[PDB]
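So this first bit is one chain, no partners, the form solved without ligand NBZ, shown in C-alpha cells.
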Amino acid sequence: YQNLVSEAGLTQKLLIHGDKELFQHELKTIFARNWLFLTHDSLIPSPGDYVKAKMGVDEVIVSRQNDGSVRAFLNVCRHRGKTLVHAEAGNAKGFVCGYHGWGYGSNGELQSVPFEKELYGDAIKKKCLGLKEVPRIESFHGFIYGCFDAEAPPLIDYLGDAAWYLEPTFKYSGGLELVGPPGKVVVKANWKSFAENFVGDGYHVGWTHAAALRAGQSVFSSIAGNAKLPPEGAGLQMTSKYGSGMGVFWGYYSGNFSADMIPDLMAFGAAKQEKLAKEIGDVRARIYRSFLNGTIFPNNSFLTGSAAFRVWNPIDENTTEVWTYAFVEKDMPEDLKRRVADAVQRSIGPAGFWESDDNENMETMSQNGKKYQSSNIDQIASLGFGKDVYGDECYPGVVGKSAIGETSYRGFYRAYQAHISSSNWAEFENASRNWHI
C-alpha cells in the first residue's frame, strides 16, 4: 500500500477507487482510527433521544444520557450478536433485544436478563456484558464525532487549521441546527470519489453543472463553461495536517441554490455579516457569507451558504450510502429554515438535480479503478502545485489562491497515504512530521 499516492499528494493510482483488499485495509487504518461524524445536538436534544449512525461499516446507537452527555455503542447484543435497534431515531430509556429479551440501559449497561435468577445465577456477570462502547465522543459546536481509537488526537486538534475557516459559520453565527431526517441513497461509487470532489473540486462546477447553472441561475453562473474566474476573485483553498480541507468562493452565500432562494438568503447573510465584522473582523465576516466546500477527513463533507452536511458511508469498494442533511443558522426565521432544508435536497439530495450531474462523475471513476489496465492510470492533482504557502499572516494552514485548485486534494491524499502506511497514531505522526514543507 506504500506507493498509491505520490510525494506531496500529487498523483493517485486510480485503483484506489476500486480495489477490494484496499477497502478492507481502510476499515483498519482509516475507519478504525479517525474521527467520524455521528449527529448534531439538535437531532438528539432531550434525554433518551437516540439516532442510529454508521461508523465505517459498523452501526452505532448514539444516545443522549440522563446527565446531558452523549454516549455511543455498537448496535449489537452481547449475548448472540443480534442487532439491537432497528429504528433510525427515537426516544428510549433502554433497549431490549428481541431474540431472548436482554435489556440494556441507554447507558449501555446490561440491566435485565430473563431467567437470571432461575437459570443463570452466578454464571452471569452483567457488568462484563455491557454494549461495546465507542471510547471517544467529542463535539465541534454541536456536531458530534466518534472515534474507535482511544489514542486519537482531540477533535479540535484533528480539525487543525481547518477549524479557523469553519468558525465564522459554525461558532460565531449564533448556533447551527442540523435539519433531519437526512436524505439517504446508495450510489455505485467509492467513498473517496465523493470525498475528493467535496474537499476541493471548484473546477468541475462550471462544466459538470453547466445545465443546472443555466436552469436555476445559481450565483455560480459566473464560472459557467469554465470560461471565466469569479469577478470576486479566484477564492482560496486550504488543507491541514490531518487531511481536512476546503475551498472558499467569496460572497457566494446562496451556493448551489436557484434564483428563487437568492434574494432572501443574501439579505439574511449580508445583515449578519455587518454585525459579525465588529466581532471577528472584515475577512472572517466575509468568510461567514461565502461558499465553502470541504471535507472533514475522512468521509464527512459540507457546503456552507447552500448549507449541506454529508456523510459518505462506505458499503464496499464500489458502493456508498450517501447521507445528506441541511443545516440552518438557529436565528433564521422558521420559514427560511424550511426553504433552506428543501433547497438542499432539491440540489444535492437523492432527487437533487445537481447531484445527478455529480454522480455521473463519481460512478465511472470508481468503476475504472476496478478494471485491470485502467486501474494503473494515475489521477493527477496538480492544479496550483508549486504555489501553495504555509504561515500566511491572514490565512492559516497550507493555502492556495484559488477555489478552483487541487491544494486540498493533495492534503487529503497525503493524509490518506500516511494512514494506510501506518499501524497506529504514533506512526501517522512520524509520517506527517513535514506535512506542510
Contents of the next structure:
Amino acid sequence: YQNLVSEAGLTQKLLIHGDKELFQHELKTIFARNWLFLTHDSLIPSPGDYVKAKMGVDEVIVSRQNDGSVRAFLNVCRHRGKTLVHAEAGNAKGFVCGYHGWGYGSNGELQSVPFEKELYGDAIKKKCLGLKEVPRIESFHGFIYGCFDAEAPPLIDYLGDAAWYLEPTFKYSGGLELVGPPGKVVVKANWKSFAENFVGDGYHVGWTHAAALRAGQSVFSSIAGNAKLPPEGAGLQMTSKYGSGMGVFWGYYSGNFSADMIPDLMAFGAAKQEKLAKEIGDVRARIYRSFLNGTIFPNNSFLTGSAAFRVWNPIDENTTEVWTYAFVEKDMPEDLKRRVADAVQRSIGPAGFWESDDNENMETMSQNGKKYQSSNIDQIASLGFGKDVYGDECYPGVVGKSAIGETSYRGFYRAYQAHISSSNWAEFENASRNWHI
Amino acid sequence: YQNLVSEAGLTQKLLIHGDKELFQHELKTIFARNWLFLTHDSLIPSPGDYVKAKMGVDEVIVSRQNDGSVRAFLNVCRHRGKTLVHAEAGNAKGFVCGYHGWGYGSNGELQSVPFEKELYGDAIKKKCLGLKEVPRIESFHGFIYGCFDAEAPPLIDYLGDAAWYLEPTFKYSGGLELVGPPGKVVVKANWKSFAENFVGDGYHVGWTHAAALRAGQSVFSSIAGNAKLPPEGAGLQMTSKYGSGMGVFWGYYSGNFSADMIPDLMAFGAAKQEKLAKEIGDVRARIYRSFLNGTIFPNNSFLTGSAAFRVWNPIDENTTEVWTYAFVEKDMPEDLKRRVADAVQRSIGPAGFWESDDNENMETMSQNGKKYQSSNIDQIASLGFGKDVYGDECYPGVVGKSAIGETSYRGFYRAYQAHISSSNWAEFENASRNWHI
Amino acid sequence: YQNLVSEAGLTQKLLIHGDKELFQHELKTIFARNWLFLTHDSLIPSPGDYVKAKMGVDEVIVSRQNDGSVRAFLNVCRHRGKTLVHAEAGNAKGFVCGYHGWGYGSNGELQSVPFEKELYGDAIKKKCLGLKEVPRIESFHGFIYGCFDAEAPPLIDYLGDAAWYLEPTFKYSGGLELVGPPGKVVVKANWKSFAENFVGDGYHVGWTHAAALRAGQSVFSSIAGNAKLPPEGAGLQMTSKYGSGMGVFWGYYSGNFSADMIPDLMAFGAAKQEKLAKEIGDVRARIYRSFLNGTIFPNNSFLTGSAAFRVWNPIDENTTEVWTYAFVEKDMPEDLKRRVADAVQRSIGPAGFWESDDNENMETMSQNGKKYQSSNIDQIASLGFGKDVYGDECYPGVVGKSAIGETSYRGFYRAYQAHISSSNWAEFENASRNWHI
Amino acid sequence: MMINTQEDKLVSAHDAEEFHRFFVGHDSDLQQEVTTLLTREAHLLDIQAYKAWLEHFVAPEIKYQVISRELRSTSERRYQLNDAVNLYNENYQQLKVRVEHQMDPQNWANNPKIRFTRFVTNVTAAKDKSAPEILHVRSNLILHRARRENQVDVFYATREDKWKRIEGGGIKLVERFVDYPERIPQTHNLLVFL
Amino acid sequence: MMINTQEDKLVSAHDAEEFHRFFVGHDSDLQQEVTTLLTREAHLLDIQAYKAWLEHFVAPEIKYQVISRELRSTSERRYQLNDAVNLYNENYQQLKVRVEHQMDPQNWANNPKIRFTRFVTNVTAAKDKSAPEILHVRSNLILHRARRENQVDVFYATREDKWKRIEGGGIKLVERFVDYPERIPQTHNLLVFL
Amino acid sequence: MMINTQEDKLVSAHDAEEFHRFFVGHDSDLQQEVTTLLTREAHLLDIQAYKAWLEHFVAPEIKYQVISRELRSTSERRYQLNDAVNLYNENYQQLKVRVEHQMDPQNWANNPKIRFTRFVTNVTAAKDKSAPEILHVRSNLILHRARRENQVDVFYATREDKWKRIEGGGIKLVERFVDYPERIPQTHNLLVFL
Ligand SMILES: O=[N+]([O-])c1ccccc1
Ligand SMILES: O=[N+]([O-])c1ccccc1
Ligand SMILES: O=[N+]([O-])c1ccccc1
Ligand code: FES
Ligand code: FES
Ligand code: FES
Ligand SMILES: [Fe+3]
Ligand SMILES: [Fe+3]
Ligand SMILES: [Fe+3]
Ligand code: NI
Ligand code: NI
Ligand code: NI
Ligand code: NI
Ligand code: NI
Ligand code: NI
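Output the structure of the form solved in complex with ligand NBZ; the preceding block shows the form solved without ligand NBZ.
First the chain shown before, then all remaining chains and molecules of the complex.
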C-alpha cells in the first residue's frame, strides 16, 4: 500500500478505485480511525429520538439520551448477533431484540432478559452485555460525528484549517437544520470517486453538466463548456492536515439550483451577508453567500448555497450507498426551506438531473481501476500544482487561487496515503509532520 | 482459526457466520470429513432409483444398486467434467453424458464410449474412468449418510449419545418414511445460523414465533412471550462427542403444527406410546411422543412430532440452499401422512409462516459477521452453563435440564472448533479426548 | 500453478475452469503476453473508423489512422481515468472525455485541454499524457491482433504451423470480409471451456448436436449419434508451438448450416476449388472447401465453411462475453453474403439453435471446477494419444489422423501450462524447446 | 383450436385440453368482468387488506394450493413417487391462521411495513360447461415485494383459478392452483399470496 | 366494498378509502378509454418523445411527485419529523427543464441512445364525484431501461394520477404521485419518467 | 397526434410516424380482438405447443426477425456499416427447423422440461390503410424462463407485428420484428420465441 499516492498527492494509481483487498484495508485504517458523519441535532431533537447510520460498512443506532446527550451503538444484539433495529428513524426508550427478547435501553444497557430468574440466575452479568458503543461522539455546530478509535484528535482539531471556511455558513448564520429524510440510492462506484469529485472538482461542472446548465440556467452557466473563468474571479481551493478540503466560487449562493430558485435565494443571502459583514468582516460575509464544494475526510461531502450534505457509504470496492440531505438556515421562511429541500434532490438526489450526469464519470473510473492493464494508469492531480501557498494572511491552510483546481485532491490523497501506510494515529501524525511544506 | 470458539464452546466470534476464507476452510475440514445426509430408503426404494443430493458444495448421484445396496458418486463426467445428471430424482440403470456420449452404469462404471473401437483402441482404460465414488455410505434406520473421508468413525459411533434420544421415534416406532419431494429455497444466511437454531434454540420459539403461536394455537403457546416455562417442565437438552445435539420438550407431539392437527396427531401418538412403554419403558415411550429439535452434525437438522427433516446446504458464506422434508411413521393412516406432509411445509417450508419469521434472525446474524467492526462481537452460548452433567443414570451424554438452553450450542461449537483446528480425524480425536470433562 | 496440466497436455485439473486466483494469474500471463483478436480491416475500412474491442478484461479503441495504419489504445482518460468512448464503433478524428473535456486525437495524442492557458500553463505536458497505447499491432490477411507485450513473437511466427492450414481460406481465396456487428451474449462459463471446444471438439458434434443435425440436415449428419466416422474419412487435427490448433473435416464447406444453405454454398466452393487446385494444389484446394474448427491461442476461435469468427472475452472465472461474427469471401454474390451472415447467427449466435445446446456443456464444466471435491477431478485429453506425428511430408505441425480427436486440446493445454509457469516470453520459449518431441 | 399432442411432443395432455377449454370459452363480456375482478383482488392484496380479501374474495370451500414440482427426466417412466410438494395447500381455516399471523402486532417481520406491487396480465376466462356459476380463470402474475431498504424479491406465476358467482352479485375464489415455475426460488421465502 | 380498518390492521385509512373510491367508480367505457390513454402515454415516453409528452399529455398545473418514504416503526408514534423525501416534485417549468436536459446534444449520458420499455398493468379509473372532468387513475408500471451494453435497470411503481378532460377531447395529467416501493433503489439513479 | 421531430430531438422519424399510425388507428373492437389473439398466442407458446403455433398462428410468408443493434454515437454520421445483426431472421422453413429441434427427444437442454411464463402488455393495433386484411400490432413482452433448479432468465421486448386475416376467420403472423433492447443480454442465450 506504500506507493499508491505519489509525493505531494500529485498522482494516484487508478487501482485504488477498484482493488478488493485495498477496500478491506480501508475498513481497518480509514473507517476504523477517522471521524464519520452520523446525523444532525435536528433529526434527533427529542429524548428517545434515534436514527440508524452507517460508519463504514457497520451500522449504528444514534440515540438522543434522556439527559440531552447523544450516544451511538453498533446495531447488533450481544446474545447471538442479530441486527437489533430495522427502522431508519424513530423514538424509543429501549430496543428489544426480535430473536429471543433481550431488551436494551436507549443508553445501550442490557435491561431485560427473558427467563433471567428461571434459567440464567448468576450465569448472566447484564453489565457486561451492553451494546457495543462508539467511544467518540462530537459535534460541529449541530453536525454529529462518530469515531471507532478512542485515540482520534478532537473533531474540531481534525477539521483543522477547513473549519474557518465552514464557519460563516455553519456557525455565524444563526444555526442550520438538516432536512430529512435523505435520498438514498446505490451507485456502482468506489466511495473515493465521489469524495474526490466533491472535495475540489470545480473543473467538471462546465463540461459534465453543460446540458444541465443550459436547461436550468444555474449561476454556474458562467463556466459552461470550460470556456471562461467566472467573472467574479477564479475563486479559491484549500486543504488541511487531516484531509478535509473545499473550493470556493465567489457569490454563487444559488449553486446548482435552476433559475426559479435564484431571485428568492439570492435576496435572502444578500440580506444576511450585509448583517454578517458587521460581525465577521467583508470577506467572511462573502464566503457565507458563496458556493463551497468540499469533503470532510473521508466520506462526508457538502455544498453550501445549493445546500447539500452527502455521505458516500461504502458497500464494497465498486459499490456505494449514496445519501443526500438538504440543509437550511434555521431563520429561512418555511416555504423557502421546503423549496430548498426539493431543489437539492432535483439536482443531486436519486432522480437529480445533475447527479445522473456524474454516474458514468464515477462508475467507469471505478470499474477501470478493477481491470488489469487499466489499473496501472495514474490519475493526475496536477491542476494548480506549484502555486499553492501556506500561511497566507487572509486564507488559512494550503490554498490555491482557483476553485477549478486540484489543491484539495492533493491534500485528500496525501492524508489518504498517510492513513493506509499507518497502523494508528501516532503513525499518521509522524507521516504528516511536514504536510504543508 | 484457532480461537474462533472459546473453552467449553461458551462464546463464538460473530465473524464465523460471514468470513469468506473460513467458508473455504470448512469445505476442507467440515464437509470433507463429516457425515452428510443424503436420502432415505423410501425415496430410492427400487433398483435403479436415484436422487441428486448435495454434500457440502458438491453434488452426488445416490443410486439404489441391483443388489439392493446404495452407492453414491460425484455428479461429474470423467471425460471433460460436464455435470452428468440434471433430474433431481428418477429411475435409470445408467447415466449418459450429454457432451460426447460416455455411458456409465448405475454402479458408476464406465460402460460405453462412443468410437471406442474406431478411435480409442488401447488409448482408453474404462476401468480407470469410473465416476468418483463417495467411499463411505451408512444408514441409521433408513436415513442414509455419506462421507468423503474413508477414516471417519462408523455413523452409529458418530451419532454417539444422540442415538439413544433418536431411537424411540427412529427405531422403535415401527419405521419412518421420508416424504418427498423436499421444499427448496435459498436464504441469505450462513449454514451455521440454521444449524445452531435447530440444535438447541428452544429460547426463540416464544419470542420470534409469538404471532404464529397466537394464530395457529400450537402446543408451544405455553411458552409464548418467554413468560412461563412449559407446565410439563423445562425439558432436557443434550450434546455429544461428535457435535450432534438436541432439546426435548416433553409431550409436545404436535410441535409447531396448528390446532387443526392437534387432536388426531395426539391421539395417534398417545396410542403408540402406551404400546411402547411395555417394550422400552415409560421415559423412552414419553420421548417417542415428545418434541425433539436437533442437529445431526454438521448441517442436517430435524424436529420430531411436527416431523421435519432439514438440510442446510452451503452455497457460500452468506448463502444456503434450505431443504425441507416431512417424515411420517409408516403405520400412520395415509390421510394423516398427507396432512403431516402439508403441515410441515405450512410451518417451516419455503412458504412456512413460522420459518418466514426466522429469516431475519439468520440472515442479519450472518450479514453482521461480514461487517468489519460487528464481526468482532462475540455470540454467547451461556444459557445453562455450569449446570450440565455427564454420566446421568437416566440420560446419556452431556445433559442440561432445559430445552430452553444452550448446552447443545456449546457442544456443537466445541466439535466445530476441534474440526477447523484439525487436519484429520486423528487430530480431531486428540482435540476431543476430554470433551465431556 | 506448476502441475495443472500433465506431460504432453494429456490431463487437466478441472479446477482450471473455476479457480478465481488462477483467473487473476491468467490476466498477468495469458492475456498480458499473447496475441489477442481486435477487428478486421473491413470493419474499420476508412480513416477515422474505430471499433471498441476487449483485450482480456481491458477495453481498447482500435482506430484507422489518417495514413492508413491501425493503432489501438486503452479506453481510459489520462486525467482521472474515466472511460473515454462508449460507442461500439464509429468514425471520429478525435475522442473527447465527457468528464472535464480533455480531447485526444485518433492517434492517441492529447490535443486539447480546457483551461490549459488560464490554469495549467507549464504545469501540464500534453506529450506525456497520450492514451496508453497497445505496443504491438499486426495482421494476418486483414485480421488484426494486438499484444500488450512488446517482446512477443511476430504474429505470423506465433501462428506457427497453423498458418499453413488457414491460408487456403484466409489467403488464397481472394480476401475475406468480417461481417459486423457481432452477436454478443454473456455465458456463465470459463473462457477456456469454449476455447477447448473449438480447438478440436469434433467428438461432441454428433452427440451434443444430435437434435440439431436431425432438424437442419447439416452435412454433419454423417456423424450423428457418434455412430460412424464421415464417409470422407476421419479428417485431420493439428497443433502448433504457441498453442493454436484445429481440426479438418474434409469437404464439409457448408459446416453447421442447414439444408437450405447447402446447394448454393457447395456450388460456390466447388467452383473456386477447381480454380485453386491449379494455384495451390489438390490437397490445399480441398482444405479451402473443408470445415476447419480451431482456436487461435488463447481465446479467438473460428469455423471455416460455415464461416464464423469468435472471441471468448473473459469477464471472470465463470463468466464470458461471447462475440460471434460471420465472415465471407469478398467475391461471393451479395445475397449469398447476407444469407451466410444470418446462417452463422442461426446456428451459433446468441439465439443459435446449435450453440444453445453447448451452454450446459461449458457452464457445468466451469461450475464443477469451482466445487471443492469435483475440482480435483482430471479432464482427460487422450483421444488420438500415441499416434500424433511431426514432420509429415504433406501436413505440418503435430498432426493426428482424425478431426474427432484431442491432438489440439493437448497442444492448447501444453502452451497454456508453459505460459502460466512462465514470467515472460523467454521463459515460455525455454519451456517449449521440445514442444513437438 | 386443438393441439395434436402426438406431433407437439412437449405439450402435456393436461395443458392441451386446458388450452382448448379457454379458446372455445372466450366471451368478451366475461373477459372484461374477470379482468376487473382480478384487478380489484390484486389491489386489495397490495394494500395488505388480507381480512377483506379472505372475507369478500375467498369462498368457504377454498383450496389454495401452490406446488413445487420435483424436476424429473422427460423419459423416466418407472419412478412414480409423488413429484409435487405443497408450499401452500390451504382450506379456509388455514388461510385464516395465515391472515391472523400477518396482522398480529408481534409479527416482527412486518415492521417496518413491507411494500407489495402486483402486475396481473394475460387474463383468460371460461364459464364451466356443467356448473355455469363456476368461472375458470387463468392469469399471469408478477409480484414485487420490497422491504428493509434493499431487499427486493420478484415472483412470477400462472394462477389457475375457479371462481364462483354468489347470490347478490359477488364472485369468490373456490380454487387457486399455482405450479411455481422456479424449483428453488431465490427469494428468501415464498410467504406471499399469489 | 368497504375495508374494516379496525380488523384489517395493516391497511392505512388512506388506502382503504381509495380502494372504495375505485371499487364504486368502476365504469367499463372509462376503463377502456383510460387504458388507451395510458398505453399511448407509455409508447410516447418509450420512444423518448418528451416534448410531445409534456405539451400534449401534461397540463399546465401539473404536480409530478415521486417520494421515498423513510422506514418507520409501525408502532412509533412520537417521532413526527417528515417521513418523505421528494425525488421528484415538479411543476410544469421544472418538467420543462428536465425535458430540455434530456434532448440537449451535450447530454453525455444519452449517447449512445438509451432503450426504454414500459409495461402498464392493473389500470383502474374513477370519475371524480365533484369535478366530473377529473379522472382518478391508478396503474402499475414496470419500466426497463437498458444502456451501454450491459447496464439494465428495472423500476416498479404504482402511479396515482389525476387526469383532466380538455375542451376538444384531449386528456392531460394534472397530478401524478408515486410512493416508490424500494427505499434504496439499486438502479444507479431514478432519472426516468414514471 | 403528431410528434415534431425538430423539437423532439431524441425521436427517430421512424418511431414518430409509427406512433401517429397507432394513434389514429385506434379501434375499440380491434383492441379487444388483438388482445385476445396475443393472449392465445402467448398461452400456446407457454405450454410449448410450438407445432400448433407454427401451423395455426404463423403464415407461410412469415419473416420472424430479432435484431441486436450495435451502439453508435448519436452524432456519428460518417460510419455507415450495417448496424444490426440478425439474432433471428427466419422464414417458415427456418422456423420449422427450430421447432423440430425443440421437440426432438434428443434435445438434451429440454430435459427436465423448461418452464416459460409470458406477460403481454401495452397492446396497440391498427388496420393497414391499404391492405385492410393486414393488422399492425405492437405489444410489450416480459418472458420468464426457468430451468435446472436455479436458472432464471427474464427477457424484455417490444414486438412490432403484421398479422393477416385468413378466409374462415383465423389470423396469422406475417411479420414479427424485435429490436432487442439489451445489446449484450445476460441470459446465457436468446433461444426463446419472442
Ligand atoms: O454543483 N455541484 O453539484 C458540484 C460542484 C462541484 C463539485 C461537486 C458538485
Ligand atoms: O418449532 N420449531 O420450528 C423449532 C423449535 C425449536 C428449534 C427450531 C425450530
Ligand atoms: O459445428 N460446430 O459448430 C462446431 C464444430 C466443432 C467444434 C466447435 C463447433
Ligand atoms: S440474538 Fe438478540 S436476544 Fe438472542
Ligand atoms: S464430458 Fe462427458 S462424455 Fe465428454
Ligand atoms: S477524467 Fe477525462 S478529462 Fe478528466
Ligand atoms: Fe457533478
Ligand atoms: Fe424458528
Ligand atoms: Fe457445439
Ligand atoms: Ni392446469
Ligand atoms: Ni368486510
Ligand atoms: Ni393514495
Ligand atoms: Ni406537438
Ligand atoms: Ni418500428
Ligand atoms: Ni393443428
